[PDB]
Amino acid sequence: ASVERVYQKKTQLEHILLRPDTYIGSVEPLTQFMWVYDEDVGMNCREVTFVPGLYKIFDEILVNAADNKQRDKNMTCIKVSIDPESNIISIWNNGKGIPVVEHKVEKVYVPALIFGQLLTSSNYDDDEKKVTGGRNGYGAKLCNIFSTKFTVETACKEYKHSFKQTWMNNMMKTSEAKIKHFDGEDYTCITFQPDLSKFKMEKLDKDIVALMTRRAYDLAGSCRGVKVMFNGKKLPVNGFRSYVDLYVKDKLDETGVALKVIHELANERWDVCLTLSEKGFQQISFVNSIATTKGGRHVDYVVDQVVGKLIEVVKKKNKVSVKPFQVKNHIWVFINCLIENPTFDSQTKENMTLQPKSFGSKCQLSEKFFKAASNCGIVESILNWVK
């Protein structure tokens, strides 16, 4: 093999298709137990087989819609549609659209720049301490690259125009955008057909649809002041506590006693629920409406407070050694938080790495909350083990 065959340089676009994993996660199937929202049973935990990268390209567009609530606090609604037969997914939001105007430096329409060129973002100036989920300038282009058809429609009264442009064939083909006069209520709608061949799939099957549906429920629970519709029907979740109820309101512990679920909205940026776990530590958490399914420093920040206080309570009835991991083993925690300029080790944003001193706010749980935590069965499980 020649020097030129061995030592190769790739373009950014080539690298995404060759090495999709650090951009969207695995493009091969994964089977694991997890929470989904099924047509027959609603929220449930079961074995699911799905391709992470396909789930992620949907997530990128969904979080972008949630992020618009930061650009326009008057936004009220996100509508999600999934049609497996046609292979069409659409995510629509109201509030301010995207300026339909030529960017004077890049010499293209703003929506064409930020959906059709890599490393483009309104989130690159960190002197603004934003609580958007978007950080890197990739997500929407990644969905485009992994779609056979990707359409951006946006309407922005301030700039008096609407914009519609369609890309095809993994962002490699497009045509002139349709620009029209507009003076109505702003919106953005992203409609895409995922390139299932990139994920070795024949169709959007029940498992991936159940995961994408649950993500819409997550959004209804995490994005304050935004109602969510799925396939034309409003989701009956009106805040984080009602979302948490989907997991624990109808559940018993192993002794047949209903789970005691405690809750505190510490402040606008920190909403916490907690109950007993009997299958090891569990956490369901959101940072800026991103599902941080591998946790991060926000989870540790909340959990460490609870663990410290519960160790205190146990000690007052111990008289041998109760270690923090043993307490954490009995905790099921739910967190919805807003973090300024969060960091993650991956574009997938499953683990949030920013240290608490940089969050821009604190979550100092009240003594009332800690007392309630001492009554939800965790202490009893530990003390029974101190025998």
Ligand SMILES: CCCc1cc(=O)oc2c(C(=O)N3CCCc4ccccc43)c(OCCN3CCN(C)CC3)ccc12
Given for the second form:
2 protein chains.
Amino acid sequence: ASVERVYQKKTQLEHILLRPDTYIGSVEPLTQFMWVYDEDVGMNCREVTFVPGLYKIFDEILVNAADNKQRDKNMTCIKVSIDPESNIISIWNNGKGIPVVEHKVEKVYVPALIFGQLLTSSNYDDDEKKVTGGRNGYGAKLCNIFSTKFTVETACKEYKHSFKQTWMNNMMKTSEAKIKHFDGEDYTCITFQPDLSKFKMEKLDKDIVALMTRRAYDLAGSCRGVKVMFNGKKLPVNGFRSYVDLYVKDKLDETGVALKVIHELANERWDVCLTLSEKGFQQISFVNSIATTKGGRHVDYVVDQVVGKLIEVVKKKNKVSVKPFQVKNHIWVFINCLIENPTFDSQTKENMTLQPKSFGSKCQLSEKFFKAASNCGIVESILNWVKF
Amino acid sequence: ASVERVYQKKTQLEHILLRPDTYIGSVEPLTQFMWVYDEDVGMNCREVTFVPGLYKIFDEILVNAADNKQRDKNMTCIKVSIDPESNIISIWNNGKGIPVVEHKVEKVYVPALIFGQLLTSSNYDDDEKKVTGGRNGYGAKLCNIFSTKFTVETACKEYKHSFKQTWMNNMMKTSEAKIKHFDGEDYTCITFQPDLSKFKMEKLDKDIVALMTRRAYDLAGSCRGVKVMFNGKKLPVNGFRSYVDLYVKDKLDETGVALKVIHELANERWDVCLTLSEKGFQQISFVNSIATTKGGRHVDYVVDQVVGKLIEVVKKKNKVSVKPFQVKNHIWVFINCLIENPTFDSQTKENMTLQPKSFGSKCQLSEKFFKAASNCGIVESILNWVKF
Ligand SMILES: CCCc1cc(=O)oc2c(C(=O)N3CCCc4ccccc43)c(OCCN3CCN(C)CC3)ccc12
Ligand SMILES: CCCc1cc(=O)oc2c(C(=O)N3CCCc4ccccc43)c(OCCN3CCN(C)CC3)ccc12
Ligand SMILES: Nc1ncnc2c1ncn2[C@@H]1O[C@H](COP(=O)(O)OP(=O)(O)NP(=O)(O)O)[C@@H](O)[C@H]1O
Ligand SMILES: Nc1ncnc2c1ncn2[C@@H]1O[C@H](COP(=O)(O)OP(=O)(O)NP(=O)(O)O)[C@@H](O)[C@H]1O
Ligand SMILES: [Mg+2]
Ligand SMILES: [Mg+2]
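I've shown you the form solved without the ligand. Could you give me the structure of the form solved in complex with the ligand?
Everything in the complex follows now, all chains and molecules, and the chain you saw is the first one.
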């Protein structure tokens, strides 16, 4: 092999297709137990087989829609549509559209810049302490790159125009945008056909659809003040507590007693529910409407408080040494939080790494919450084990 | 705020400094319990305060040295030097140097291309099934960018020349390389002064030095056939079992009985040790000499086999329902493996996501290993709990 064959340079766009894993996650199938929203049983925990990268390109567009609530607090609605037969996904939101105007530095229309060029974002000035999920300037381009067709439609009354542009063939082909007079209610709609060949798939199957559907339920629970519709029907979830009920309202512990679920909205930025786990530590958490499926410092921050107080309670009845990991082993925690300028160790944002001192707010759970936590069966489970 | 202030485009080099977390991990301090190699006590588990990104720029250069064993199986030695007072770290390796010749496409010297330009690698052709840790073409440039001074010295008898070039100021300044006749034993030496201001540090303190030192011990344990020296002294670790002994040889269980440690070299590519954990599930694992500190599919692959067999053993004595997570709760596993073309969800490579069918080898543990595993106290701990 010559020097030029061994030592190679790639462009950024080449690198994304060659090394998708750090951008969107694995492009190969994964089987694991997780929660999905199925057509027959609704929310349930089962083995699911799906391609992470396909989940993530959908998630990037969904979180971008949620992020628009920060740009326009008057936004009220996100509508998600998935048609497996035609292979078309659309995510629509109201509130302010994107300025339909030429960027005076980049010399292209703003929507074309931020959907068609890498490393473009409204989230690069961190002196603005924002609680958007967007941070890196990649997500929408990654969806475009992994789509055979990707259409951006946006209408912005302030600029008196609507914009529609379509990319094809993994963001490699496009054509002139359609610009028209607009004076109505603003919106943005992203419509895409995922490139299933990139994921070794023939069709959007039941498992990936059930996962994407569950993300829409997540958003109904996590994004305050935004209603979510899925395939033309409003999701009947009106806040985080009602979302948590989808997991725990009909569940019993192993002794046949209903799970006792405790809740506190500590402040606008921290919503916490807690109950007993009999399957080891479990957390369901969102940072800025991102599902932090590997957790992070926000989970540790909440859990450590509970663990500390419950250790105190057990100690007043253990006259041996009960260890924090043993207490955490019995906790199922649900957290919805808003973090200023969060950091993550990957574009997929599964693990939120920002230290609590930088969150921009605190979650100081009340003594009433801690007393309630001491009554949800965790203390009993620890004490019963102190006999062994 | 105008359109041009809100919507911004960044260059790749700008993006790395603005968003370091997905490239090198957090640039803010972290405190956590982990294993380090201290000057007073050697290997020990304690709270450590360190900046992950600084650990990682060192790790990138260390794993690059280990990777040279794949390019030249005759390599025998890596030498690591850390001087906190002068702020100089050097990592030297023998075996083949890098070709000191002009790349005919990029029109620069090969070492200058692959240490001074982003997205450059010898690991971009995946039809070669390699067991190097390098995959993405970033690591060495990331160290350069996060260094106030970064020097590459390499000597390659085949090309009859040595090369020395220095970059300064976060890879923003350099000068003409020094090219000289060379006809001796090949080597490469990377010498850098980390930009501590990027990590809000004044000096390489005891904690970061103890972590970097431990990585050198890891390499002595993980990289077959390569001796490691640290500050001029050979590390007395001669293979993976002797490395594992640093953790477990002097440890007792809570009843005062020495931990029973079982071992199998299943084949050249899989080395496994196992013992009892009393602190919840624990794994220490390496993929291609990378410390996979969040685990991955290689850990699950090994652990699931053990868990399955131990469930069988318990069942022959539990005449209630013992769950896999309960068995895993008692496992401390150590794994050193070589995986073809591994994938990870981040440049920091903490979590290896490649599915087992793609590993290029299997680890089928023997019935003798499983019998030994049934005698290391895990089964006893599970059964004792079956009484409760
Ligand atoms: C690569 C993508 C991985 C992933 C994507 C995704 O969307 O959800 C995931 C969820 C999950 O379903 N949820 C539900 C709500 C969103 C959320 C936020 C944080 C944590 C979890 C979740 C998940 O749950 C595992 C549940 N355990 C399974 C068995 N175990 C014993 C106990 C429970 C594991 C991975 C994912
Ligand atoms: C951001 C960087 C994080 C990190 C970097 C690094 O180098 O090592 C780490 C290790 C660690 O020391 N080792 C030792 C050898 C290399 C290795 C490979 C896989 C897993 C672990 C490790 C670590 O251990 C936690 C040990 N538990 C702590 C308490 N707990 C109850 C039980 C034990 C946690 C994080 C890191
Ligand atoms: N639905 C939307 N409504 C309004 N603006 C949007 C919408 N979707 C995307 N944008 C804009 O397009 C930009 C680019 O989106 P994207 O590529 O996802 O980057 P990001 O969200 O800023 N960061 P990240 O998702 O972490 O890579 C965003 O910064 C927003 O300004
Ligand atoms: N010590 C070394 N000896 C020989 N070649 C080296 C050495 N260090 C680096 N290289 C070469 O320099 C290239 C660039 O290194 P690097 O930037 O770390 O990328 P990588 O190791 O290929 N992939 P990654 O580390 O995953 O970003 C490697 O691909 C090797 O060809
Ligand atoms: Mg985004
Ligand atoms: Mg490398």
